[PDB]
Every structure is written in C-alpha cells, then in structure tokens.
Amino acid sequence: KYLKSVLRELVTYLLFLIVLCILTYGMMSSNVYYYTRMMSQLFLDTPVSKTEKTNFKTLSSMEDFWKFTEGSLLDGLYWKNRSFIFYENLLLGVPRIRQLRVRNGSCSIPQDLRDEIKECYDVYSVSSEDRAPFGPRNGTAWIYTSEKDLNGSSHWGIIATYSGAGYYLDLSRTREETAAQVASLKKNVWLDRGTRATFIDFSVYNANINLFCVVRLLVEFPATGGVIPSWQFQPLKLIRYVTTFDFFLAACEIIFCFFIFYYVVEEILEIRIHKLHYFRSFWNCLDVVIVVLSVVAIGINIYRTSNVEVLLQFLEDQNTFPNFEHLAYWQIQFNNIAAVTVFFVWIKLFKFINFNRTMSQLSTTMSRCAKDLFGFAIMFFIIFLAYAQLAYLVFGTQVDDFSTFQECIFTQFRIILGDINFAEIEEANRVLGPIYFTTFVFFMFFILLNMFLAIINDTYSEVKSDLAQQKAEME
Amino acid sequence: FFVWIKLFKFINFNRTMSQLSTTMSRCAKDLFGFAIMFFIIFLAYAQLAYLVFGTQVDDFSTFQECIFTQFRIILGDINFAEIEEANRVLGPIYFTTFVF
Amino acid sequence: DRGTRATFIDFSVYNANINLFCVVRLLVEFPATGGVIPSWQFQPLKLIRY
Amino acid sequence: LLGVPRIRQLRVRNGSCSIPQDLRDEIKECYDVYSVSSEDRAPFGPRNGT
Amino acid sequence: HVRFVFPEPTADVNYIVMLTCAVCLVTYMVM
Amino acid sequence: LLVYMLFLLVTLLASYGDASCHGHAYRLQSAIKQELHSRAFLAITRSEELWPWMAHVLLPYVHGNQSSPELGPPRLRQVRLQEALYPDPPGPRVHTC
Amino acid sequence: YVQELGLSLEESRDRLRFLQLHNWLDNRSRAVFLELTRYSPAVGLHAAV
Ligand SMILES: *[C@@H]1O[C@H](CO)[C@@H](O)[C@H](O)[C@H]1NC(C)=O
Ligand SMILES: *[C@@H]1O[C@H](CO)[C@@H](O)[C@H](O)[C@H]1NC(C)=O
Ligand SMILES: *[C@@H]1O[C@H](CO)[C@@H](O)[C@H](O)[C@H]1NC(C)=O
Ligand SMILES: *[C@@H]1O[C@H](CO)[C@@H](O)[C@H](O)[C@H]1NC(C)=O
Ligand SMILES: *[C@@H]1O[C@H](CO)[C@@H](O)[C@H](O)[C@H]1NC(C)=O
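Chains as they are written, first to last, in full-length UniProt numbering: chain A, 215 to 294, 305 to 699; chain B, 567 to 666; chain C, 416 to 465; chain D, 315 to 364; chain E, 3061 to 3091; chain F, 3674 to 3770; chain G, 3819 to 3867.
To be clear, the hints were calculated from the coordinates, so they are not data collected in a lab. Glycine is no exception: its CB is placed at the ideal position from the N, C-alpha and C atoms. There may be inaccurate statements among the hints.
As the list claims (entries may be wrong) - EDC-like mimics (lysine to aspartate or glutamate), calculated; alpha carbons at most 20 Å apart, straight line:
no., chain 1, residue 1, chain 2, residue 2
1, A, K271, F, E3708
2, A, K281, F, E3743
3, A, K294, C, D416
Claimed, not checked - Partial chain E-side listing against chain F, Cβ under 7 Å, derived:
no., residue
4, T3070
5, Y3088
6, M3089
Said to hold, decoys possible - Per the computed footprint, the stretches of chain A lying under chain C, defined by three or more beta-carbons under 8 Å from a beta-carbon of chain C, are:
no., region
7, 273 to 279
8, 310 to 319
9, 424 to 435
Next comes chain A alone, as it looks inside the complex:
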C-alpha cells in the first residue's frame, strides 16, 4: 500500500539505529582519554635527565637513546616487590627490548674509492638482515631468534615494514637489576652502525577500571643517519563480563547480529525478485556496503575474542613477557571498521526524509547537479594533481611539507583553508616558491573554486523554476 511498507521499513531502521548507538556508546568512555594521556605524558615528555632538555619525542642520536633507556625510562617504570606506575597501574610481566640489524658487506661500494670506504650497510630488507652471533655471544641478546620462535609479526613503521625477529632481551622485575642489564648491554657495544630498528614493549592493568594498556616504543635508525622515534599506547579490555552493563552490551551485540541477518535476507530477496539490475541506483548500492562491512566487523570480533590464550598463558606464570600486540592490532582494525560502518549507517538516513515538497525539491536539486559536478571535478582534480606533482618534484627534497605525494595533497588542501603560510618555500627557493604560491592561489581561489558555486546556483534556480512552472500548469 506504499504506506504499510514505508512505515514498516522505517521503524526497523530506527530500531537498528538505537541498537547501533547503544553499542557504540559503551565502547568509548571518558576514562580512556585520561588513562592514555597520563602514560603518554609520563613517558614521552619527561626529559632524559635532570640536566638535559631532550625527551623521547626529540631524540637526535644513538647516544641519546642510551640516555633515555637508563634514565627517563627506568624512572617511569619502577615506582616504590611490584611496581605500581601511578600507585594504581600495575606493571604486569616484564618489559622487553629488541633490536633489528643488517649484516656487514650487504651493499656494493664502487671499485675506485674502495681504498677509503671499508664497509657499507644496506637499507633494511628481509633479504639483507644479519642472522649471525655478534659480540660476546652469551645469551639471547647476541643470538638471532626466528620470528616463529618469538611469536612476533610485522609492524609497518615509518621507513619500512620490519619483521618480528631479531636480537631480544627481557629486562628484570626491579630497577636494580634492569639498570645493571642495560649497563652491561651498553658496555659491550650493542647498538653499532649496523642496527636498523629498536623496539620496547610492556603492558599495564589498572584494576580500578577493568582496562589493560599495551605500550610499544619504536626507534628507527635509517641508513642515511639520524633517529626517528614513534610510540603507541592501546587501552585493551579482555575480561569483559564483570558488570551487568557488560551483559547488557553482550545482549546488544547479539541483537545487532540478528538485525544484520535480517537485512542480508531482505537484500537477497530484493535482488532475486522483480529485477536483477539492482545495482543501478544509489540507495541500493549503500545497503550492500553496510551489510558487507557489518559482516567483516562481526568476523573480526569473533576471531579476535576467541583466542585469548596469551592472557591465560601469562596468568599461569607471571614472570614472562605478556604478548598482547596482536590483540591491540585487531582492536585498532575493529575500531576503524566500526567507525566507518556507523558513519555510513547514519548517511543512510537520507532515504526517508522526503516527507514534503520543501525536502523533495532539495533532494532533486542535489541529485540533479551531481552529473555536472562529477564532470567538473575531473578537470579540477587533474589540475590539482598536476600542481601536486610539480610541488613534490621541486620542493620535495628540502621542505618536509612536500616530502611525499600524500603530504603534497594535504598541504594543498590546507592552503585552501588559509592554513599554510609561505615561510618554508621561500628559504627552499626564493624565486619559484613565490611563483608557485601566487599562481596556485590565483588559479584555485579566483577562478576554479567559484565554478562549483555557479553550477550549484544555476541548477537550484532551474529546478525551482521548472518545478513551479509544472505545478502552475498541471495544477
């Protein structure tokens, strides 16, 4: 009856919306932000020593990493048995420090000046990484351990994608022995010119709110010299069913599964029946995306929470290193998928707001100028990329704002907002910087950005005019 169905598919969508909002409410609280912030400030902002001013975020050489390790790191891990980091956060297990390094004589120095250059170390690669015992081959810090025997995985840092193997060492449960171990590592040189990456991992609990937190710190030593630091703090949660609210959340997850099954059944019925060119409109290609993303999210959630063997293995013997990195990675992926699904589900609401004429004309205007905007956007973005590649090839060596193609695109978007100001392109090139900036601003503010408004305004005017004409004549 076109009224017993539109109202039928609207109440189901509304109930889906309340269920989704409830489900996403409990996964974001206000304790998580401060929990992360306190640890971040403790480990990243503390200067390496009472006399220096550099911190982990501004490391500059391999001699500052050694100050940080026996320094601001040990001050922030062992708090006066056990070690409660803020008298509340339990340092569970043992922190671990691992090194990835490449073998000597991996590259190929040229024949002529071979008299001066004695060795070279190639950039990091799985084919060119060292696997031999170096230095005083004594324990596990001087013996290569395979990735399988170490229960590791790739990381995808900044310079490259490092593997899960290398030379590792587990620190101690108290500061007195950890400092001695670090000093022993420093004496018998451990970070030579052949090292490429260094990882530090640990975790905390904070029993006040049932919420773990895994911490990873990376330092990358590129083959061209220098130091690049990176960090990651992830608030996991692995002991979910403790509170009645958590049982309510589990029920909500089950009900969400039921809606997703109902929606996939409805989609298959509507594809089988009465047409097979379903993928020709826009509101039909949005339901498929929603169900596919929801299925992927459900699969990820089932796969991630069904293997908590690492937590049980840690709870058996609590002197080991708690390996909670895979769980953190999967939590990040699940968060991304859930956020995108929620955004698209909220976008789906436009399918129902056509309840009167003033909304119907707006929808018609929006769906009638898409053909012209898509045609003009091709030209606009061809010119955009033409500017971006030129900026990348000219300024991309010595600005750091155009250092990569993505950075060029984002910088050119920020110029549109009036956020980037010419201070670096001058010192980079005092002659071509001004030309590039002036020409870009002129041809993408005064000319090319106002051709969207002309199209939109004319389309709105013509739609309103002919709709009114049709109304007057027919009725």
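Go by the hints and put chains B, C, D, E, F and G with the ligands onto chain A.
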C-alpha cells in the same frame, strides 16, 4: 540580547528594509529544511571522528569537543599534525573528504 | 590516600574601597587512573547595596 | 580576608569494585570512580576531630 | 628447471616497468 | 592521441625514472643538517667566533672514527680587497648593505 | 685563496691555530666559503655541503 533583536519589528517599515525582511521570511522554510541535512552530515562526521580520534587528540576527547572542532575547521583553524599521526589511514581520509 | 577523589579550598575577601566581595574556590580532582586535574573559580560578588 | 579558609575532601571506600577472579591473588584493593553510591563514610586515621 | 625461479630478491620497486604498462592501457581505453 | 601518448611516456620516464631515490635525499639532507648543528651556524655574527664552531663540531665530524666517507678533504676560500671603512652604525640598512 | 685543512686531525689543529694566530681572517674579510662533500653508499647519493 533578545530585546535588542526585537528592533526589527519597527525598523522594517521603509523600502529596501522590507525587501531584506521579506527575503528572510520567504526562505526560512528552505533554510530549516537544508539545515536538517547539513546537520545530519555534520553529526555523522563528528561521530566518526569521535570513534577514531577519541582517545589521542584532545580535540576529539568528547562529543561536544568534536562538534566544536568541526565548527573551527571551517574557519581554518586546525593542527593536522596530530590528526595524521593519530591514525595514518582514515585520518587523512576524514580531513580531505570533510573539507571537500 | 589512594581513596581520595577531590579536594576543595574556599575563602572570601572584601575590598571595602569599592564595595564588592570576591569568593574564591579551588578544586583538585584525582582520577581513578592516577594524576591531578586542577580548576579554579573567582567570583566578584556584591552583597551590601544601597 | 573574611573569616578562615576551609579545606575539604571526598573519598571512595576500599573494595568498591570487583577484581576479576583470575588475578585476585595479585591485586588486593580497588577504589572505583567517584559516585554517591560508592562514597566512604567510616572514620580513618587518628580519628580526633572533623 | 633452474631457469625459471621466483627471485623476490630485493624490495626495490621499479617504476619503469609499471609506467610503460600504465600508458598502453589508457591509450587503449581512449582509442 | 598516439603522438601525445608517446611524448607523455617519454616525459614520465624522464622525470620519475628514478623516483625511488627521492625519499632518501630528504632524509639524507636532514641528517647532514642535524649533525652539523645547523642552528648555531645560522646565528653566527662577526665576533671572531666561527673558529670555536669550526673546532667543536666540524673537525670531529670530518675526522671521526665512525665518520663519513667524506669523498676527500674540505676547503676554505677567500675573496676580498680594501676593507670597509667602518660603515655607519646608526639606523642600519635592512638588507641592502 | 684556499686552505687544505685536513690530513689527520691531530695535524689539523696546527693549521687551525696557524690561521688564527698569524693574521689571516681580518681587515678585508668578505668571504670564507666552507665547503665539503658527502657520500652515502647505502642508497648511492652524494651531497654538496
Ligand atoms: C665488513 O666487511 C668487509 C668486507 O666486505 C671487511 O673488510 C670489514 O672489515 C668488515 N667490517 C667489520 C667486520 O667491522
Ligand atoms: C657472559 O656471561 C657470563 C655468565 O653468563 C658472565 O660472567 C660474563 O660477564 C658475560 N660477558 C662476557 C663473558 O663478556
Ligand atoms: C612463544 O610461544 C609461547 C607463547 O604463547 C611461549 O610458550 C613461548 O615461550 C614464546 N616464546 C618466547 C621466546 O617468548
Ligand atoms: C581493602 O579490602 C580488602 C578486602 O576486600 C583487604 O584485603 C585489603 O587489605 C583492604 N585494603 C586496605 C588498604 O585496607
Ligand atoms: C589526636 O589527639 C589530640 C586531639 O584529640 C591531638 O592533640 C593529637 O595531636 C592527635 N594525635 C595525633 C595527631 O597523633
């Protein structure tokens, strides 16, 4: 503030003053109708940003903070140095698609 | 102790030259995850009129 | 300075939350986030005065 | 049998090979 | 169309033929600048004070054990004649000195 | 006018002090022009510092 706004009851009694008032009066329905869609998209983007950057950026720490940050992005007041490093993928996507 | 969650300090001043009180409140919050969050409020009250 | 300043405190009680059974022999006491339903009222320390 | 092997020796991606096969397709589409 | 597509391919191979050595250059120059402490040098005013900078950061960099290949020895130059007769101090020229 | 300023640093100190003490850089002083060159075999790039 409201008492000061009420001066338009009396000041709109001459030509070129009632044209502006009539223009505001005959397009208020359309403005409300389009503000509904604009704010639906605004809230969708705000909730996406809250779910992705909600524990790291200090500008998206709460829902209200997300809404106010998104209002400030229009004015041209961003950092983007923390948005990108908070999430290398889906961080730039949010910013670029929102701006477009 | 570890059980504390907030701490308040309050007082007031007069400044008889221009008849205008001032009420001062300082708040320190200790979240369950460790740390300190400070806050303040200075309010220039006016009580004695006429 | 009118009168005397006053300093006040709010605190939650020990065992206001539930430690999971797995590591209950690891961590002894927990204090929840602030709430009226989970606020301490017993005397503590040298319970002399206010 | 030693002739055909899967080298995968180095991760140094080569752009000459992909830029030649990326133009012969756009040309084909437009033509 | 074919003429333009051949010209475009030649141009692309001319420009992005060795684009893999474009990310290494930025990191290399940044490392060189941070080793040389390229913030004190840019603040050097004439006070007979470039010598301590030269003896403090340059020489260890050039002759260090774990130093650069350096492709040969460095050098200094000098161009000049008829010293300035103490140009007028008050109200100095901005950049037209 | 060029100065070598190299050859086994324990010797370069002598050149530095000789340049400092025997009245080289003063009283005309229009340029000094420090210049060296870099080479990184790992990636295969030179550098004209
Ligand atoms: C590195 O290998 C080269 C041979 O390619 C050798 O001459 C040099 O001594 C080695 N450097 C070491 C072992 O530190
Ligand atoms: C190697 O280990 C032994 C005992 O495990 C220790 O006594 C020694 O100091 C270590 N280092 C060496 C031999 O360089
Ligand atoms: C890797 O496998 C398990 C972890 O579940 C553990 O028994 C083993 O000791 C781990 N290996 C190392 C080196 O920690
Ligand atoms: C807190 O209460 C628990 C019992 O629930 C007890 O074992 C523990 O000692 C108490 N802690 C303090 C500081 O009184
Ligand atoms: C408690 O007793 C009196 C007041 O009742 C006080 O003078 C004394 O100092 C207090 N004892 C302490 C603080 O140990």
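Each hint, compared with the structure:
Using a Cα cut-off of 20 Å, the hinted pair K271(A) and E3708(F) holds, with the two alpha carbons roughly 18 Å apart. A threshold of 20 Å between alpha carbons decides the hint, and for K281(A) with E3743(F) the separation of about 29 Å lies outside it, so the pair is violated. Simply put, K294(A) and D416(C) have alpha-carbon atoms about 15 Å apart, close enough for the 20 Å limit, and the pair holds. This hint is violated: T3070(E) has a C-beta 11 Å from the nearest C-beta of chain F, more than the 7 Å allowed.
About 10 Å separates the beta-carbon of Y3088(E) from the nearest beta-carbon of chain F, more than 7 Å, and the hint is not met. Among the interface hints, the one on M3089(E) is violated; its C-beta lies about 11 Å from the nearest C-beta in chain F, farther than the 7 Å criterion. With 0 residues carrying a beta carbon less than 8 Å from a beta carbon of chain C, the region 273 to 279 of chain A misses the three-residue requirement, and the given coverage is violated. Counting residues of the region 310 to 319 of chain A whose C-beta lies closer than 8 Å to any C-beta of chain C gives 4; at least three are required, and the coverage claim holds.
Counting residues of the region 424 to 435 of chain A whose beta carbon lies closer than 8 Å to any beta carbon of chain C gives 3, which meets the minimum of three for the stated coverage.
When held up to the earlier numbered hints, the structure conflicts with 2, 4, 5, 6, 7 and fits the remainder.
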